Amino acid sequence: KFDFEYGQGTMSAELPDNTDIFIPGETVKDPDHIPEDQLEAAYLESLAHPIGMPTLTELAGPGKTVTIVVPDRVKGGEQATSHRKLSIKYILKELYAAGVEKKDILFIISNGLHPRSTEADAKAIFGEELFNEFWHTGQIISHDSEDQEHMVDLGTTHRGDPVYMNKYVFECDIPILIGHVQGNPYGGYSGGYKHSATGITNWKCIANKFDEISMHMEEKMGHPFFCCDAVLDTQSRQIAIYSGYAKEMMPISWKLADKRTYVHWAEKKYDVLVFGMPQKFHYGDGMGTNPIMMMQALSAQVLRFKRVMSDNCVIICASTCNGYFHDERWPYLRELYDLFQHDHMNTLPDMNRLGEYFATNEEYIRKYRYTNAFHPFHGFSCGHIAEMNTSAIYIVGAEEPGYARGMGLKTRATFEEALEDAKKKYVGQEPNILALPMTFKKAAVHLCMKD
Amino acid sequence: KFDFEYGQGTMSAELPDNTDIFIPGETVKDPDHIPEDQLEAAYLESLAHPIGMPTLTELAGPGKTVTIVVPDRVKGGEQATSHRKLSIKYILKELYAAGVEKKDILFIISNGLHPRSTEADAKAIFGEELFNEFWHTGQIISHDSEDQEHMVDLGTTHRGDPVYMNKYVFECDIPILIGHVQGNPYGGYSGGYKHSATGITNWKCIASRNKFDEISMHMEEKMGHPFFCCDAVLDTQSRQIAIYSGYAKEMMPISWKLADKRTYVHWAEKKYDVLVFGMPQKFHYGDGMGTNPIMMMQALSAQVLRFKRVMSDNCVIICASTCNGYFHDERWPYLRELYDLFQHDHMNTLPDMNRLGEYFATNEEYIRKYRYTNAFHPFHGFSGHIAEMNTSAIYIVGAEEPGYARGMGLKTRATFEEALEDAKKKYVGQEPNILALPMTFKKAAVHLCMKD
Amino acid sequence: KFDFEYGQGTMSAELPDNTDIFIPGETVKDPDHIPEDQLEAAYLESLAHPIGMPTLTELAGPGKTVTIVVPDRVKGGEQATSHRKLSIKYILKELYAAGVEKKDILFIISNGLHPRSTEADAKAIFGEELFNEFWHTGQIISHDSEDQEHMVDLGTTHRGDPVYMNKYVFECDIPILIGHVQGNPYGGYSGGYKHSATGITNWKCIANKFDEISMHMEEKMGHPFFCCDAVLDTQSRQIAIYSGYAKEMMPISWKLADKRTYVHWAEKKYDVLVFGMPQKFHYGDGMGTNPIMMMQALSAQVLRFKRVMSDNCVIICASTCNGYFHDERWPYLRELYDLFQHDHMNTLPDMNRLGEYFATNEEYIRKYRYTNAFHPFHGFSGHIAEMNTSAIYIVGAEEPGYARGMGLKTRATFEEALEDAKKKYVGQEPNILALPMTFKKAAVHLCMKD
Amino acid sequence: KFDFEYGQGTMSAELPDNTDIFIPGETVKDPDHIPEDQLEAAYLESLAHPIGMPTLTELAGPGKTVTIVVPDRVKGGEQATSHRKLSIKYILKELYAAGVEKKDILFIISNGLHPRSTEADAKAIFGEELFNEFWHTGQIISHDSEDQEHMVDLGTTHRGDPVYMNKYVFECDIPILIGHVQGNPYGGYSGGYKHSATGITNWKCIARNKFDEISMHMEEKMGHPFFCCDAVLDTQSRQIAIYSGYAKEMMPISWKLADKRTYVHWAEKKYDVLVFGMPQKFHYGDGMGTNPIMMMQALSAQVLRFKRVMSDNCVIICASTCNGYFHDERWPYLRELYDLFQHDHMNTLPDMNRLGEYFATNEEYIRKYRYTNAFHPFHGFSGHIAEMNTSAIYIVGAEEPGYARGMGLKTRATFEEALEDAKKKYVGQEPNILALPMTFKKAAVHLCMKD
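Chains as they are written, first to last, in PDB author numbering: chain E, 4 to 210, 234 to 407, 411 to 480; chain A, 4 to 211, 233 to 407, 412 to 480; chain H, 4 to 210, 234 to 407, 412 to 480; chain D, 4 to 210, 233 to 407, 412 to 480.
Only chain E is shown next, with the shape it has when bound in the complex:
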């Protein structure tokens, strides 16, 4: 028997004995994580030896404003020794040694279009010491992209891309960027320039691009971003820490992140891909039950396992489509689904023309600003890759399969039924089945062939 995440618990599937298992922490081991007693030495050596920049003790002085940009709770570790906490601690120590007071240093959570961080979210991000040190003084701020009184206009890049920036990060003397270099389904990395281009701008600037936008910010500001990026493994444990100028550091970190993300394990090309998504993963609770977020997750899974899989791919998923449109967090997705169903739109890519219609809605913008919900444009920042490539996608165990059927996904009730239907219709009676347990509870990797 095989155990796949099903909403909150686990669905059991009786797959043929030719099934293979890939858990990206056990099948192929990641590069060794830095031991917890060598983390201080690694951080000190990285901060004291930046790439294409002087040390923090050289760029800091008394009265020089410092803004530290910290990512939100979507990605990265939340443990007692995560990259964010240690990096902030040692950066603060360096700045205090340089002669910068605590009253000046400001912290900004860079969500961009993700919901603004609450008190509990900041507690989980910064820990227990930084939380008590800075939150009550008003020195920890969540980035608001609709606050026209805190957004500055930098003009347009050489390619005509508009650039809007946070005012707080624009008026400081020392801008510090903290990011986690981790893989993305599209092939890019969530390093320094991508983090600055995504988490500091607004929806207009989001609608090679990231490098241009971040370089435009650096030119307008007058001082380049000091980025301290850590290469994370599947358990969000730092492997290497690279600090300094983002442009000359990003390739250095990528040369090692390619070792972790791209796993050469495949010996054959598979026909059936079996997994399941729990209710709460990635963007938060309700992702595994909201149809549009399910489509995005399935598209990411298709992108990640494209090389390992054959032409007529078949994807079997175990998710609880109870129709749970998490509405305190995605207040616009019900209208999005209704517009998709009750219009002339044959496929998801036909929805893009409504993006500016949703990003400018007053009620959803108010909910984004004050209720801690997603920005209405986040649904258009994808879903179409799932529709192509795969012959059929099965959503087994759904509670309201009408929502999974309205997205174009086939619906069944048990893994064996869906597998038998796929064998009868698409993949024949001898399918190469690949089972992915805990594919959404870990940092997913791009599977490739040993060729």
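Take these hints with a grain of salt, some might be off.
Reference listing, derived: stretches of chain H covered by chain A, where coverage requires no fewer than 3 residues with Cβ under 8 Å from a Cβ of chain A [what the hints assert, rightly or not]:
id, segment
1, 361-368
2, 439-451
Straight line, CA to CA, 20 Å or less: simulated PhoX-like cross-link-like pairs of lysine-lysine [as the list claims (entries may be wrong)]:
id, chain 1, residue 1, chain 2, residue 2
3, A, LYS453, H, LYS295
4, A, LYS295, A, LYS332
5, E, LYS96, E, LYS306
6, A, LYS454, H, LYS454
7, D, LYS207, D, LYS246
8, E, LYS332, E, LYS295
9, A, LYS295, H, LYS479
10, A, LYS452, A, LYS4
11, H, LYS453, A, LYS332
12, H, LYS454, A, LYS452
13, H, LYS78, H, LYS470
14, E, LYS106, H, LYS235
15, H, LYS332, A, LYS453
16, H, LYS88, H, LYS32
17, H, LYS454, A, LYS453
18, D, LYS106, A, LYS235
19, H, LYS295, A, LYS454
20, H, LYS332, A, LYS454
21, A, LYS332, H, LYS454
22, D, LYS78, D, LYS306
23, A, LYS454, H, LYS470
24, A, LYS454, H, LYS453
25, H, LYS454, A, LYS295
26, H, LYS452, A, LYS453
So, partial list: chain A residues that the calculated Cβ filter (under 7 Å) puts toward chain E [stated by the list, open to error]:
id, residue
27, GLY10
28, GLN11
29, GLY12
Because the hints were derived from the structure by calculation, they are not lab data.
All C-beta atoms in this analysis are idealised placements derived from N, C-alpha and C, irrespective of residue type, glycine included.
Please arrange chains A, H and D on chain E, whose structure you already have, making use of the hints.
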């Protein structure tokens, strides 16, 4: 760290080392079940030696109408060799050896107020062989309390109890009962005369341990022939321990002699103060019991009734559940209106709602949904107050819409540790005795008692 | 038998004979109120002898604009000899003697987030003479914190608190503050710097803090506030009148307000606290039936009687929970209750994050400005009852679903609730304390005799 | 200052010194009641001294079905020694001494159109001992006008009145009645044949001579007369005399003593203004003082009571919290009735009677009457005297005065303001005022001229 059921998965809790763990079967062993090989001999011996009744061959003759009453899907087994399947199979073999026509055998699924069984439910209850052999012939009928053309008003007992019983059972020449002798929170075992008194009666005969026996004996007196019971005692994993068949009235004490040994566990050394468990979404009555506020209160009241003899008077109950507000309105269409009436009336407690029971059992739309949609009868909710007077505080941990748990009188918190700290603050003190019950709603529950 | 306020009338409770009664003023007598024959002398001596400031005759002249800040109807006396009326009368006499004309003097009712005063509210606050003298010329104004063209920006204090101020009180040559020195459940007092901080600001300035904000206003204006505050007793009768600079006079008034507010009477720690809330108390009609205002009142009662009460204290309350949201006065509290019930809100504090969501609502702001309703941020300006008491019983409720949705226990009669509490929490020998008319009087903080 | 009931508490009024105060029991003393010690002797003497039938021993024998008809909770005391409890207890003692089985005794709560009594109501009516002895056996049944399987169509009287009777009372061998003889606004009395005609009849039999004719038709159809045990009550519902026997011949004797109580001679001047207040809970129950139609009923009752003491320029000033609290759980039909009054050609209340048969046949309201313990929909049509006689009716202190204005009643904010307006317009500057400060809390009496 301890693990508890939470909706579908598992919520983890950090509890002090003094916490004690109880599993119904793993901690204290149930009496040994008969092995799968000896089910043959045990069933044949039980059928060949009925208690207080002649053997079924004597009861059967050519051209005799036989009605076999099979319980619902709530709690009966459903393994490969469950009691229902084996008992039905051997009864059918013996009846065929008695020369009884196959067209005179009729199966009645006795639900009473539980939803009528569909094709999949009937298949799961009866096994694929019996489902293929009998379903398409039309010989498997779910009991319908509101089918007035197929219900017979017997009259009244001596205690003013109206009696209405299925006409199919009334007109048969051999009534056979299939029953599982399993414990109840109140103490009256669920197999025997209770099965006949509850499963083939309408809500008026339920609205009114001696009551069930009186009603069933009145049924036997009116019919002229007693029910032929085939009751099996089950353990936590729904495995047979002993099989008793014959006259229900005289066989019931014999079955109880072993059901008491199974049900009443004697593992205890201290009077515990805090009871910790969790509600899965699907248990007992089906999917949605762990999120429906009324059904959550019912389950909590059952848990209070089971463990009251091991718990103190300032006890605190901490349960993990996902109070989504998911009433499962396709299966309990009356519970949303019931909840609204609870909130929007002069009702301080749940027992104040019983005066509306006759109001709900007579609703035309809910009765239609019960008959044709496979939903619960509207009077099931009124057939739940022990928790709100026995316990000092009841905590619902990890609720997704904590308004429903608060509206029923239960406190709400976010994590097990937070609720335990609050309870230690106010109710049980900083040095409590904790009893943790993982997999309490996944296994057949038992009554806990002091060792002495 | 015992009589407790129940909505509009009274519920009767057969409490055991060991029950104790505390009524403010009646049980322990307050300091003697100034006789009506000495009020003129007291006011004249206070105004002629200010603290840290000179007399109104020494600061006033011909053409110098004067703005008099007067509190709203929530607190203070509405009698024929209340502090507001007499203070305004004698201040006007002094100013007229100095040389200031009536055409210039302006009156501002400082509510802040409380509803703007209507014609009848000004009636009750000011009296016949001042009403007829000043309202019909448009010289009595109710403070509007949402009026962007009548609010000025003073920047941000040294600690990081933004300061918004009323324009009328900013452009005047002589700002005069009238406040009442009365106790608060949290420990602080009303009137003085607190009145100016919470009265003529907006919700952003409200979200030692009051001292910093008020000193920032005084620095920006250049004229310190001339505060004339009277220490009130349980019947809103003046005990002492202190005039002058607020910073150097607040301790002087506090040294005597501590004598009245802090009553050392207890001889034992009580287990059960029994009282009842009428429908109309404090913030107006519907407070005793609105679940959120009920929770606020219960929290205030918990704060006031914390020292007299045991660790396992049980509160029994008699209120008519008819679900009567005074939707013409609290248009937002139904949405607030629905958000509390239908979201991931385990407790009331978890709702604070929605404060900025409500304070910026356009419809509720319009209703606050023009309909005379509460500002939507007043609700977020609660948990103490949940943290402290083992159980809270709301007896006599009409729709107990609302009292249950707040986390409170619901019963039907005092005896049933008392028996339940005895069986569950407080045992069979509880120290019961009964508070008749605890919401119809100026409540006091009960302390221990020793 | 004067005090009046106002919702739940008391509104205070400033009235001139010429105002006269009347309290039914205190101003003029009722005839002396029998003491609590002599209740036993008086009850035994009354039971042993019938007024036209043989004693209860003669009617009783082995195997006799006895049906005892107990009035509703609307009227009559609920003290420790109320008439219902004592009469039932002594009747049961006599029947047991006569050899009547306990299983052949059945109690019927005669409500007729009032809501069916619940468990708590039955407990309060019957006393704890009798409730424990008889309720759980199933021997206490509330009358159900719409229970067609338990209703018998007796036939028709000579006036065309149709007669429908409770089947339980019809088949019994001894029908016994418990009744309280206290006055009505119309001049009748609530005990005697009226109890039979109203309590155990449906709405068709309801839509002084009529009650007697219907009850005597019932007696002639059953073959045996009702055995009545009627008690005269004072303001505090205390017994003055107990009359038992044939109702037709006993009724004048009971009336001879009820006249001395109901009619009070305390008038020396023709009063002009009548001042009182409606409490929230009185007569029919909670919500009578706030429901506009029940407020009109109460005002009409007051007008009928005090019409012989007041002039022809009547002004009625009443304090009530008319907040629109219809108590829809007890009067579910009154909101629709109010809407039909407002939104049709109804100029006055008596114009609505043509819809009475429309409401009494409603299925939803009948279901709520049978199963939810609400009023029968025809109760509201069983109200025009107030608007006919009084020149102006003032509702003082209403919280939603739209309902008081919609029924034709003037609305003001305070007692003094309404009195000033009435003096200005109707009664002049020198009126005669009669103040009733406990009119709705005590059993009302009919005021009359002293001469």
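Agreement of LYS295 of chain H and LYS454 of chain A with the hint, judged by alpha carbon distance not exceeding 20 Å: holds, 16 Å
Pair hint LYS454 of chain A and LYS453 of chain H, alpha-carbon separation not exceeding 20 Å: holds, 16 Å
Agreement of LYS88 of chain H and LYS32 of chain H with the hint, judged by alpha carbon distance not exceeding 20 Å: violated, 26 Å
Satisfaction of hint between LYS332 of chain A and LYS295 of chain A, Cα-Cα up to 20 Å: At roughly 10 Å apart (the allowed maximum being 20 Å), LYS332 of chain A and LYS295 of chain A satisfy the hint.
Per-stretch coverage check for the segment 361-368 of chain H, three Cβ contacts closer than 8 Å to chain A: holds (count 3)
Satisfaction of hint between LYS454 of chain H and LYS454 of chain A, Cα-Cα up to 20 Å: holds, 12 Å
Straight-line alpha-carbon gap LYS295 of chain A to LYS479 of chain H, limit 20 Å: violated, 40 Å
Agreement of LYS78 of chain H and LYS470 of chain H with the hint, judged by alpha carbon distance not exceeding 20 Å: holds, 12 Å
Restraint check for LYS454 of chain H with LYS453 of chain A, where alpha carbons must lie at most 20 Å apart: The given pair, whose Cα atoms are some 16 Å apart, holds under the 20 Å limit.
20 Å limit on alpha-carbon distance, applied to hinted pair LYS332 of chain H and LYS453 of chain A: With Cα atoms ~16 Å apart, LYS332 of chain H and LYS453 of chain A stay inside 20 Å; holds.
Satisfaction of hint between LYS4 of chain A and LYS452 of chain A, Cα-Cα up to 20 Å: holds, 19 Å
Straight-line alpha-carbon gap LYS106 of chain D to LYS235 of chain A, limit 20 Å: holds, 19 Å
Taken one by one, the earlier hints fail for this structure at numbers 5, 9, 16 and 23, listed in ascending order.
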